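For reference, the chains in residue letters:
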Amino acid sequence: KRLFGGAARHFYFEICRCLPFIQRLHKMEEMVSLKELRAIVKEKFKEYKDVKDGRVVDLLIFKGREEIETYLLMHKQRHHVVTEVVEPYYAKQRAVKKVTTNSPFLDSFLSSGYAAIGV
Amino acid sequence: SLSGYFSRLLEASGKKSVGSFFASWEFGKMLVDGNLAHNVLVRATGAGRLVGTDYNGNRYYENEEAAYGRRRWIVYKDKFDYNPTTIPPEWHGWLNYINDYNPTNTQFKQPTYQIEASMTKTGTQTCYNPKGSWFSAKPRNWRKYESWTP
Amino acid sequence: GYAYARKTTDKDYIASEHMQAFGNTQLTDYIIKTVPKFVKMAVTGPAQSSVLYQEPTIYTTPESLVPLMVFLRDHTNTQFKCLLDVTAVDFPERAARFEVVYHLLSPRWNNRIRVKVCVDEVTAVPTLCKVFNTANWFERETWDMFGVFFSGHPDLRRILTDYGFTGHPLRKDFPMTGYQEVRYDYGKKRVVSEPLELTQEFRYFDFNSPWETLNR
Amino acid sequence: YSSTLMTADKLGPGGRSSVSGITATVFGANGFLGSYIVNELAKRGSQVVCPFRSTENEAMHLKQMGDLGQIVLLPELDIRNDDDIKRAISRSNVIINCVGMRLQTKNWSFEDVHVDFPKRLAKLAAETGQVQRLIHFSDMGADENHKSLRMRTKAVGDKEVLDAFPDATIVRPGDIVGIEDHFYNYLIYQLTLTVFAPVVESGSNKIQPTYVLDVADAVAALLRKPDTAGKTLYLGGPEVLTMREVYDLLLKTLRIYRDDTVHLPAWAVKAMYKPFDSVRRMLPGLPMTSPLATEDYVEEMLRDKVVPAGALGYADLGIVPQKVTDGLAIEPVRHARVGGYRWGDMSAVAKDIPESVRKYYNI
Amino acid sequence: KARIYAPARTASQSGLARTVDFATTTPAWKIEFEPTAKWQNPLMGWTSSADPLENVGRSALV
Amino acid sequence: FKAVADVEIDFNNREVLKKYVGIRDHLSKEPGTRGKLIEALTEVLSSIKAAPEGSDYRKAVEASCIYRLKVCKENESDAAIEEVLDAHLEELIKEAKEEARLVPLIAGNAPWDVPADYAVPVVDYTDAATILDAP
Amino acid sequence: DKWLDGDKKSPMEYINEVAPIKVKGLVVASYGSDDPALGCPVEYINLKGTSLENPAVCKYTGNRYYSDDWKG
Amino acid sequence: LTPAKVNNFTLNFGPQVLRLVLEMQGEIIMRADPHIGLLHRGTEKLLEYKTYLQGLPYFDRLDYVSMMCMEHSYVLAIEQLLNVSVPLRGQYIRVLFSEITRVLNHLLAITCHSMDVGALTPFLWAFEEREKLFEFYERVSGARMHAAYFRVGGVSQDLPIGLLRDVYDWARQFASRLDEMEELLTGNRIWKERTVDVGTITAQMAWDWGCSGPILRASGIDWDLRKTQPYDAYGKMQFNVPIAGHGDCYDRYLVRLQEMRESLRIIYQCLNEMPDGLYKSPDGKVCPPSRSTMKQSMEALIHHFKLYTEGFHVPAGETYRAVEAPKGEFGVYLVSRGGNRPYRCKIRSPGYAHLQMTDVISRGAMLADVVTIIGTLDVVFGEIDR
Amino acid sequence: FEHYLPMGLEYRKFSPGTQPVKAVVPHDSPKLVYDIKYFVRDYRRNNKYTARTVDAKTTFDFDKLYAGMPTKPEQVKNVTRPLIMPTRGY
Amino acid sequence: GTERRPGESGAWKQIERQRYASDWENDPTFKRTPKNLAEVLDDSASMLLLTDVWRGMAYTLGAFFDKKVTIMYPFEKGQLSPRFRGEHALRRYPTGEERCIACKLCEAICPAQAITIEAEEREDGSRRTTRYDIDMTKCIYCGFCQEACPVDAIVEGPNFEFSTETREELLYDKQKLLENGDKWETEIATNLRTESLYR
Ligand SMILES: NC(=O)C1=CN([C@@H]2O[C@H](COP(=O)(O)OP(=O)(O)OC[C@H]3O[C@@H](n4cnc5c(N)ncnc54)[C@H](OP(=O)(O)O)[C@@H]3O)[C@@H](O)[C@H]2O)C=CC1
Ligand code: SF4
Ligand code: SF4
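If you read the sequences in order, they're chains 5K, 5N, 5D, 5P, 5L, 5I, 5M, 5E, 5H and 5G.
Number 135 marks the last residue of the first sequence (the entry's author numbering); no jumps.
Number 151 marks the last residue of the second sequence (the entry's author numbering); no jumps.
Number 282 marks the last residue of the third sequence (the entry's author numbering); no jumps.
Number 395 marks the last residue of the fourth sequence (the entry's author numbering); no jumps.
Number 125 marks the last residue of the fifth sequence (the entry's author numbering); no jumps.
Number 162 marks the last residue of the sixth sequence (the entry's author numbering); no jumps.
Number 149 marks the last residue of the seventh sequence (the entry's author numbering); no jumps.
Mapped onto the entry's author numbering, the consecutive letters of the eighth sequence carry residue numbers 76 to 91, 98 to 467.
Number 118 marks the last residue of the ninth sequence (the entry's author numbering); no jumps.
Number 231 marks the last residue of the tenth sequence (the entry's author numbering); no jumps.
Bear in mind the hints are in silico, worked out from the structure with no lab data behind them.
One or more hints might be untrue.
[Said to hold, decoys possible] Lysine-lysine pairs mimicking DSS-like chemistry, simulated, CA-CA at most 30 Å apart:
| id | chain 1 | residue 1 | chain 2 | residue 2 |
| --- | --- | --- | --- | --- |
| 1 | 5K | 114 | 5P | 284 |
| 2 | 5G | 63 | 5L | 101 |
| 3 | 5I | 76 | 5D | 77 |
| 4 | 5M | 79 | 5G | 67 |
| 5 | 5P | 355 | 5K | 113 |
| 6 | 5P | 179 | 5P | 284 |
| 7 | 5M | 101 | 5M | 136 |
| 8 | 5H | 76 | 5D | 238 |
| 9 | 5I | 29 | 5I | 76 |
| 10 | 5E | 387 | 5H | 41 |
| 11 | 5G | 100 | 5H | 41 |
| 12 | 5G | 63 | 5M | 86 |
| 13 | 5K | 79 | 5K | 114 |
| 14 | 5G | 170 | 5L | 101 |
| 15 | 5N | 145 | 5G | 170 |
| 16 | 5D | 255 | 5P | 179 |
[As the list claims (entries may be wrong)] Label pairs and their computed distance ranges (CB to CB):
| id | chain 1 | residue 1 | chain 2 | residue 2 | range |
| --- | --- | --- | --- | --- | --- |
| 17 | 5I | 103 | 5H | 89 | 49 to 55 Å |
| 18 | 5K | 103 | 5P | 277 | 25 to 31 Å |
| 19 | 5P | 298 | 5N | 82 | 45 to 51 Å |
| 20 | 5N | 82 | 5M | 96 | 41 to 47 Å |
| 21 | 5K | 23 | 5P | 277 | 35 to 41 Å |
Note that beta-carbon positions come from the ideal geometry of N, C-alpha and C, so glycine has one too.
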């Protein structure tokens, strides 16, 4: 009924099911709600929306299971949440509608002699 | 032998009298440093003999009757700021049980460019710093080319 | 269980003559004749056990790896009760870039063996936990270091890299120093990974002479 | 000079191994604001000089903040001696001062810290001739016609620095919040560990508290912008609140069910603090003394302390001030209440309590 | 971008082993990347860079 | 080998050694006899009949069982069988049971089903000393 | 000047203070020390056409040598 | 596929470098999940960018308790593919120093196990002999721990004159030191009650769990690589094999002590049979020549230049070799492409296999015995995490 | 019972840098001093691998295999443990 | 002794087994049952009144009145050998010229990548270094540099007490290495006069 049986939507549904416990255990009550957390997880999925092998999708889902599981046993401390979860959201909603009228090519030229790499 | 004990104590402490010793600030610091006091009062005062004296004034003693690894010991002249870095290398090998050669029995070859031993300057602002350090006399810009000036 | 202490006297000998001669000259042929379907390629190598003998090496599909291991552990002539380790090698030139390696020890007859399966990045490898308990952590480490998947495993997850580490460092394409470096920030009061930067960049030296014949 | 400071010698993307080509000396670096300022400058790849008066024990935290050879520690600084100051800025084209005092001492008065030393520092900076940016700090509540002696000294020192160095940039932030700040921590030491909390008059005076990391990014932007040289910039949060409102929100944060604050006339507060302020001199200073028990604080609480209309602020820097009432800046103060798992007796917190628990307690 | 090529024989030597001549004998095709910004250490003068793909090709990819 | 206990142990009585090495505790509390090994070998020979007569695996297993049965027949004292087979009787019982258990999986998978022209590449390693040392 | 700082005596000045050495023969052997294993690899240096004014300097140790044997 | 639901029991055993998570229904352990990798230095990938001689010090810091054993396996793996014969005197020296290293590993292991149990005197007492053997190491290689002494085709340097004298002098009283060491725990009811019948392991599980070294010997298993697959001069050596049959911590303790006794016996035998002759393989194209030879000969100078810059080119191939390590069986898998750097070097560590037995062994035990399990396992995370 | 920590001169009497006797360490084989030919002794570059024939239509007579095995306590032969690894004269 | 007893087993499965099965009796390593009043009294003296702690106690007490191996640093040092690999240093020739000729063998051999070398021809035509730096914070003190150098230029000196308060002080340059060599030359030369018979 869906591409490759739609395992991706099942994985997303499972992670969304497990999401609120992460919010309560990691004290994200005063930063986020369930909705925009779900939006974050959704945007994580969009990185590989154009994969054409079911096997690659299966391995992606398995590695995502490992990531969410090491999220579950608190193996990644609050600093991981800071560096990957809520501060990126604050930056995304924070630099909205920037006042720079220059083209990205000209931005790169005014930046340095090489393009920026890494996060 | 009390007289021999006091003679050894005077000749090791470097003072002139027991009154000069017990009233000196070195004795007072010996009342707070147990290692230094042990040097002054126990190890140097036992059976054994002096070996020689370096140009820093430190004294070297050996006791063949002692067990291995504890036959040789040195008294630093600088009673308040004793430091192993001031021992000259020509005594370093005999002190470290690496060779059985000392200036009193071995005539080494002295290079004309030989730099003497002294205390370390670590922790001070006068210590060595790399040429790209802010403490250096003239900062270095290690760019491997010449910039054109109008 | 085998290799029990039987003799109360000192032993000046290693194994028996007939068994050693078979295991060193006709063992590979016995393996070939027994299960030729399980056999795909045969190499008798430098004899892991001892410098003076020969020992075989096995190549096969992942499909029949489990029954082959079962026979190799359970056969009356091949009592390989000790699986030393499971690892893999990267061959980026090949269509299948991975050569998973399986090593066995036979204390019953003082022998050893190597078993290899060649696979690509997207093919499952049935787990050998049901055959050997130790394969669990070896499969875990192999997956962590290369991404080699093992189907049917109880819980296959990283064991050696960082908690949030993505990527397999022992891959040939994986950078020696990587992509990310980690440092503490006073402002955020948190230890954070940052893009990798080096005060002195690594120096690679090309010593390989243009005259060497052994290059392969 | 305009942008050659931040552009000429910039080497690398801007990381720790990168080189910004910027040499600066920060005074009061081991202080609360100066520590974050130095950590912000060096992390972009700049050379930082840190002369200090306090212990090296209190200063070792600054050593980690820079790479090999970019943290300069100058012990035994004497603000009355210009030799150490000349050595401190002998290579830096940027000067930043955060040396500040909140209580008078028998060995240092308000004038000595806030007027003469910055004046001589600016004089020596102009004498150097290679300095491009002189960054000075003051209070938002600084005004020459204030009864508060510290605010008056601050304003006088700002005017003196401006006259001495035309191109120095003046920064006057308000309340600055942080983990080790002098605003929330003393408020906690007054709400807790104390029998009662005095509040000056109605306490409806309006202040605009701000966050330290915004100040650090502000310093970075000020170094980036050339036009800000020779000007005055005021820093404040996106909200205007009174002392009563701040106290109420703090009590909510601490979830204290007992309002221990009291509204008292200013003369009563002065008489409370009169005996310990006439003995402030002839004393080497004492620990565990809040800066709040002074008459100058009372005079501060009788006036509003917010950004002036038309003043140069965060918007001029393209900087949006983050929320101070809540957010990541409020987590450290929440660690007084650890964020709240089982602390206290509170029931009004039933809003955030999980679902099944409230049906267990039937509300 | 990446460069797929085989390095040419060095003029310093008459050796031909590490050349296309023995192509079937040894893997001799290399993948490289454009060099990235590099500078020097202010304190020592050592070459400083941030390239993740600085040497992984010239050392391994054959 | 060397016993670890400070006491003197005769070890010439085989059951005393069996107690020391813990065969009674970890492998088999019951003492293994020649008859049990005979039963196990006969069961293996009966079990191997699921394989086709044309399979070499069946041939090899049959040869091993025949050799073991000849050893059991020609030897009376169980210690003699231990000396011949370089192990203990209980070990051989476990071996025979394992070999019998191996049969059903092999029958279910049948590795002998290969084409008549099935090809096995063979690579052999030759030492340098073969041509270098004295022939 | 690239590596040495101050007015300390340079190695160039040190070696410039050693007069050339007169040795019989046409080829000299330089080891850098009395015992060969403690110095540099042995070097054979030509001595013909060399004088006190124009001697042959060691490429390993910088020591100079000459011989008045080449009919001069 | 799995929720959390029931939190209930939760534990955290140590960030300080073993991390342990356990599961108890009370006072008795039901599950134990170690987490490792806090010492994973990624050496195997790092090996690929180093020459064979360059990568040798990596093997010093894999088991920093036992070093020469770690060197020996890699050296043998290189030499077998290189087809190089080792001289007799070099084999004697290798075996003797390996026995001394095994003695050090046993000493430190038993003392640490005692300190974890609660005995502090043997710790301090045995570290004196450990310092003696460190002095022995420094005399012969100039390093106390990371000697880098073993070389492809022999050793770096010959033994200095007067060393065997002090070796024999040390052996003359090492037995007395061991005897006084035993009396503190051997005849003690407390030590036994702490160690007896804790962590019982079978031969079938051990061969299923890939055990090696003394743990294997305590299960009634007759196995020594030095007697089944001998290397160098171990075949000539005559010594006994301690054998236990309970799989007990006390049994492993006694087995290690008797192993120390046998090591001393082998040390004596090596001391009285030291031969005179070459200590390095005579192949200069692999082995570096003498400095005296280098400084007076063009050919040796050229070989010193080439080997110390590029190194010898191992022929393409593969091999795996293992050594009877004091902590078990230490093996290294070598993959050769034909160049001067090993293409792929996999390292097998016995402690890593032993560490995998915690969950099944710690079942039915108590928190006072987890430390016992770790101590008797004799595990170094340097080899466990590479 | 032997005592730890011997007194002076009973242990490590001479420091390593002051050996009473000069050390003569050989560094070449006397057989190879003047006969320096190498091809007779290049084991490394002379090893061989060969691809044997397709081992498909072979006849493995297990009869001959099991005919060479013993049948009694006697007649049992064991391969002795080698004393040392090969040295080739050095 | 190494014997075992019922109740002295530290478990429950074994304890429950032995109190409900005589399996331990078949084990010879368990101490056999007393058979008379004398043996019963011996067993009671074994269990009660300690008599096992007493021996170790007495041995430790004898250790109390025994000698010690403690040394008084810094006024006493340990024993070391000429082969000791310590602080890297640069050596000269007795006339005063640097031994290092910038053959870069040391940098090539160093697996630590801690050696940075730049060099050119000197004004006199001599081949000398222009930059000679070794990172001690990165140097592993393996001594492979000392093995590779064919002119005995780079040596690990007998100096090992050179810890610094800052990490920058350990970034050794050419000048500091030459200073160290000039300081420690005599000791290094004396050690070489011994090590030459082995190296
Ligand atoms: N909300 C705020 O905190 C506001 C801050 N400011 C300004 O910010 C600056 C720092 O704020 P904060 O850091 O929070 O206050 P701190 O008290 O935390 O910083 C104090 C610093 O001043 C140094 N100092 C003071 N007097 C002397 C002196 N006589 N000689 C040497 N050093 C001296 C201290 O050194 P030591 O540690 O040895 O005392 C310390 O480093 C101050 O100048 C203040 O005026 C302006 C407006 C509001
Ligand atoms: S120290 Fe020695 S090996 Fe290194 S460059 Fe100088 S001469 Fe060559
Ligand atoms: S001792 Fe080792 S790490 Fe140090 S410089 Fe020499 S080769 Fe490099």
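Going down the list of hints, with the structure as the test:
{"no.": "1", "hint": "114 (chain 5K) x 284 (chain 5P)", "verdict": "violated (36 Å)"}
{"no.": "2", "hint": "63 (chain 5G) x 101 (chain 5L)", "verdict": "violated (77 Å)"}
{"no.": "3", "hint": "76 (chain 5I) x 77 (chain 5D)", "verdict": "violated (40 Å)"}
{"no.": "4", "hint": "79 (chain 5M) x 67 (chain 5G)", "verdict": "violated (93 Å)"}
{"no.": "5", "hint": "355 (chain 5P) x 113 (chain 5K)", "verdict": "holds (19 Å)"}
{"no.": "6", "hint": "179 (chain 5P) x 284 (chain 5P)", "verdict": "violated (33 Å)"}
{"no.": "7", "hint": "101 (chain 5M) x 136 (chain 5M)", "verdict": "holds (20 Å)"}
{"no.": "8", "hint": "76 (chain 5H) x 238 (chain 5D)", "verdict": "holds (29 Å)"}
{"no.": "9", "hint": "29 (chain 5I) x 76 (chain 5I)", "verdict": "violated (45 Å)"}
{"no.": "10", "hint": "387 (chain 5E) x 41 (chain 5H)", "verdict": "violated (42 Å)"}
{"no.": "11", "hint": "100 (chain 5G) x 41 (chain 5H)", "verdict": "holds (20 Å)"}
{"no.": "12", "hint": "63 (chain 5G) x 86 (chain 5M)", "verdict": "violated (83 Å)"}
{"no.": "13", "hint": "79 (chain 5K) x 114 (chain 5K)", "verdict": "violated (35 Å)"}
{"no.": "14", "hint": "170 (chain 5G) x 101 (chain 5L)", "verdict": "holds (22 Å)"}
{"no.": "15", "hint": "145 (chain 5N) x 170 (chain 5G)", "verdict": "holds (25 Å)"}
{"no.": "16", "hint": "255 (chain 5D) x 179 (chain 5P)", "verdict": "violated (39 Å)"}
{"no.": "17", "hint": "103 (chain 5I) x 89 (chain 5H): 49 to 55 Å", "verdict": "violated (30 Å)"}
{"no.": "18", "hint": "103 (chain 5K) x 277 (chain 5P): 25 to 31 Å", "verdict": "holds (28 Å)"}
{"no.": "19", "hint": "298 (chain 5P) x 82 (chain 5N): 45 to 51 Å", "verdict": "violated (58 Å)"}
{"no.": "20", "hint": "82 (chain 5N) x 96 (chain 5M): 41 to 47 Å", "verdict": "holds (46 Å)"}
{"no.": "21", "hint": "23 (chain 5K) x 277 (chain 5P): 35 to 41 Å", "verdict": "violated (52 Å)"}
Checked against the numbered hints above, the structure violates hints 1, 2, 3, 4, 6, 9, 10, 12, 13, 16, 17, 19 and 21; every other hint is satisfied.
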